[PDB]
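We begin with a single chain expressed as structure tokens, specifically the form deposited in one PDB entry.
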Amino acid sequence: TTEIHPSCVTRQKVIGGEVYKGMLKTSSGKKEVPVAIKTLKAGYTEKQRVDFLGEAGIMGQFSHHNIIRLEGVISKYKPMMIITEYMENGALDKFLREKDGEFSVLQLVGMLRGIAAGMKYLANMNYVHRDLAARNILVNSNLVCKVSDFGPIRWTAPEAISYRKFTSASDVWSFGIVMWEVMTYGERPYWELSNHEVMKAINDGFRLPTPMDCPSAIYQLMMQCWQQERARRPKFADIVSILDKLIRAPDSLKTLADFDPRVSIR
């Protein structure tokens, strides 16, 4: 992890300590790139410092197209900062809710292929995410999706809820929920159900119904991610491979799962 000198970082705008959009001077002054800047305000506890720099240390181990790029940290000066590439379109769930209906099926499936490639990378590096959800995916100006936040019941596999057994296979369950979030343009999984009602339905065998305009193969794949027995779930390698095969033979995506008419209109 590169230690960045504060003279190289400018904060321009507040995004969301705080998160800033800013600029970073790199390569001995020869380049300048847009960045996101996350700060940790004075008064932070030892636990907060450990989680804060721990997320940067984890981010710093990864080098993959679909994982957010860490530029470096400012730890020797206060307030401390983590500095990443700037993702122009923000979080995936909020982005899709702003763009409802505006993308093609092929584009949505492409976003999922990217997320899945990022997760396959993570899982193969022996990292379990445990909080995989569209809110933790960021989107850049080219619609590339990247697993981004590394530091809730309705994304979590049953065995992880009840036994705290978090594995790559419980991340696959979460990825299935992310598939449903993407294909619905950011709907809330299980809608109005409370957490206890979500647990009730899942453990009874209920699963989220098909999104509108959803390829049958995509709904089949998310349903397989939600197998109760974790051993029956696809591996991330299977998911990437299937999505790749669908994108390369895109008429395969024209066969839609039936969208269940929840409402009677005659």
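Just so we're on the same page, rigid core means the largest C-alpha set that superposes within 1.5 Å between forms. Positions refer to the first chain, counted from 1. What changes on going to the form deposited in another entry:
In a rigid core superposition between the two forms, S75 is the single residue of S75, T84, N89, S168 whose Cα is displaced by 2 Å or more. The two forms, fitted on the rigid core, differ between the two forms by 2 Å or more at the CA of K41. Relative to the superposed rigid core, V50 undergoes a CA displacement of at least 2 Å between the two forms. Core-superposed comparison between the two forms: the Cα of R11 travels 2 Å or more.
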Second form
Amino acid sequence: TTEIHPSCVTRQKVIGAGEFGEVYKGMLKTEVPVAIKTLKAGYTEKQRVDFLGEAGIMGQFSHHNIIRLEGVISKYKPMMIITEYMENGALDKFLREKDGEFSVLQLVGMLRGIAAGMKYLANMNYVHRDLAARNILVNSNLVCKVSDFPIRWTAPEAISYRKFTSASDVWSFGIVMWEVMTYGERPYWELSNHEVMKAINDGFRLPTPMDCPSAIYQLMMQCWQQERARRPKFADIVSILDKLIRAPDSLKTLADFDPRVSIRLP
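Having seen the form deposited in one PDB entry, could you give me the form deposited in another entry?
Here we give the lone chain, stripped of any partners or molecules.
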């Protein structure tokens, strides 16, 4: 793993909180803006294992749609994980702040990216477990990168008996699809966590977003199959989203939106 000397790192502002440290924005000389996760004095043995273990696996990943590791500071204290900085931040907040500002093709393109990075993770035998728009970062080319800094996002088997697999990630990716196409709406709106699980078990599923291609709704619906073996694999998801994008007239057929309010005018 690329070891970085602390003299090359300039922390500037705090932007979040880690396991046992803060997360900063800063500069890296070799000047490149970076995000910095620190492990502060007093960390436990387990925290160090997880911290440097996160660094190790990130260093193994090399994919367009996975956040890139710039390097690590492990020979000096505080220890640091240093990644590329993504100017547009977390996808959930991004979309909520840019409601209606993109084309359907752009939105589906985001989803293709996320799916490509998840296919890569799943093939590397990495189970994310917390896939959600809030863990996806967006750069100045609209490229979405899976990161890892959730009842409503979690497959039934992962909730019920903690079976977390790439197939439970697929369920979550279904929910991310809906997040994207709704521009960051809260999945299941104000339903409580227990009402969500009850709804799912009862067989209900999130309704179609407004202005949503029929193909895209069909795909998220198949990510939400109760039977884990029936869900698409990420290879299936990437393949469909790539074909839809490359034949973009396919996205013009829209699923019917179920109106929650009727407005009558002559």
